[PDB]
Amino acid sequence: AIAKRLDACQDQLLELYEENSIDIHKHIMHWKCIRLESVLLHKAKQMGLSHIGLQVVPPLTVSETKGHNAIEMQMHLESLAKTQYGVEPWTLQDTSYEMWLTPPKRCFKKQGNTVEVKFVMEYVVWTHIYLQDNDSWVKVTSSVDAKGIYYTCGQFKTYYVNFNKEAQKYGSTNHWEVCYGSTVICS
């Protein structure tokens, strides 16, 4: 049963991955399957197993976490999908959990251009950032300046990269240089 369900499940995941869909509804499914695989693998190591076929069963916590994150990504995507933004192209990467944890944290986004800061380090400037207020969504854009990278929602700016702060993790000075496509802004 379980060995079969997990099998059916991991199969659907594989097809999704190899499919490289641009429709957000498919990625909601990926996350839905990731949850099932984590539920099942949880049940699997619960029943005594430690190996299924040639696959190593992971720790009970490992699955708890992954299952937990999946439901988060699952719910946020479903909300977004109800909007005009949901009809846009959404890659498996645009919807990854790692991506979701890239500044600005907990916001979907795409078209991230690379900015370089010499104290060097690279940071991403998102062309499109979608903010979630309850179940409502807004689409804003980013900009770069001497203090850092930020997006704008009204008259207020929100920095998600603080060149200053970022300057402590490196040089002893308060001097840094920002290079953005042949353009250079300096302290």
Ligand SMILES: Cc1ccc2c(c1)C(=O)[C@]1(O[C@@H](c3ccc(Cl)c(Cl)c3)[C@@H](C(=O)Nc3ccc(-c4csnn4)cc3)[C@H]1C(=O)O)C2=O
Contents of the next structure:
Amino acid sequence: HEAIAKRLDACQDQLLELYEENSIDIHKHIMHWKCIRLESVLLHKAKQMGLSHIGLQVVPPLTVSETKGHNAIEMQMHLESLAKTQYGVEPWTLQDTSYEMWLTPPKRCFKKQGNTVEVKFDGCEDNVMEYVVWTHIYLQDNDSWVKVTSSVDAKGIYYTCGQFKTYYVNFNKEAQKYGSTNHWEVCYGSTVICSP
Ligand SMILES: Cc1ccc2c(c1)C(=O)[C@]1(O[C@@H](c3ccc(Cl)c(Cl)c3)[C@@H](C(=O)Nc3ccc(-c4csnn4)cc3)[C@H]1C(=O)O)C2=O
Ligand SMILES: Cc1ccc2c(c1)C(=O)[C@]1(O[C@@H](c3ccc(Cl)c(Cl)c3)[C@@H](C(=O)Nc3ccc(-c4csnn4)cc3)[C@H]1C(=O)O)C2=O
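May I ask for the structure of the form solved in complex with this ligand now, the form deposited without this ligand having been displayed?
Starting with the chain above, the whole complex follows.
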């Protein structure tokens, strides 16, 4: 290896290009994740050849490149799976398909159209937490996908699949962390509901 650096700068230049694109095409995002794998494959290689730097850039530990390459594969795979469905032609932003969002509740589900939910604990203006409720959640099933919606009640934020209600934000747990009483007020939209 020798052109490793010339190849890495071309990859990172490409990543910057993909970022700037600000595309809504799920397929560009899949290609973006493939390039993240390429970058980490090259940085991982560079660390093995003993290199410490590549044009001002610091070569990361093998464990870091291994971790990014792994996350990139997971993202790429789930996106391609979702891409084989009626949902894949919908608009998908770079943010909607990030690992960051993937790990945001509900974890390991895709989601879109987030809205704000405020919870005031005890009834003290300075005790207000903000949460997100997603209008569209895509749940995985083997290799098929299901589109569901969210709702809010005195107990928390949840999505409905059939007769099952799954909460991705528990208002009682939140209380034990930012409140002292088991009394709280919830506000989303023009709607308000208080804990009993
Ligand atoms: C301009 C610009 C400005 C800010 C950022 C970037 C670019 C990025 O690419 C960054 O996004 C992250 C990331 C980018 C891509 C992916 Cl896949 C992920 Cl998970 C995060 C991160 C990153 O690499 N996070 C990370 C932290 C710890 C580990 C690790 C593994 S084992 N021990 N530590 C690995 C990655 C970081 C980055 O690559 O520098 C980030 O914060
Ligand atoms: C398809 C595609 C392909 C590769 C990547 C993405 C998307 C990303 O979003 C990633 O960009 C990172 C980043 C990390 C920091 C910087 Cl500054 C830059 Cl440019 C890139 C990082 C990251 O932190 N992104 C991120 C996305 C959304 C939010 C957000 C905004 S409002 N709610 N959530 C925050 C972070 C990471 C990731 O988590 O996926 C990335 O490497």
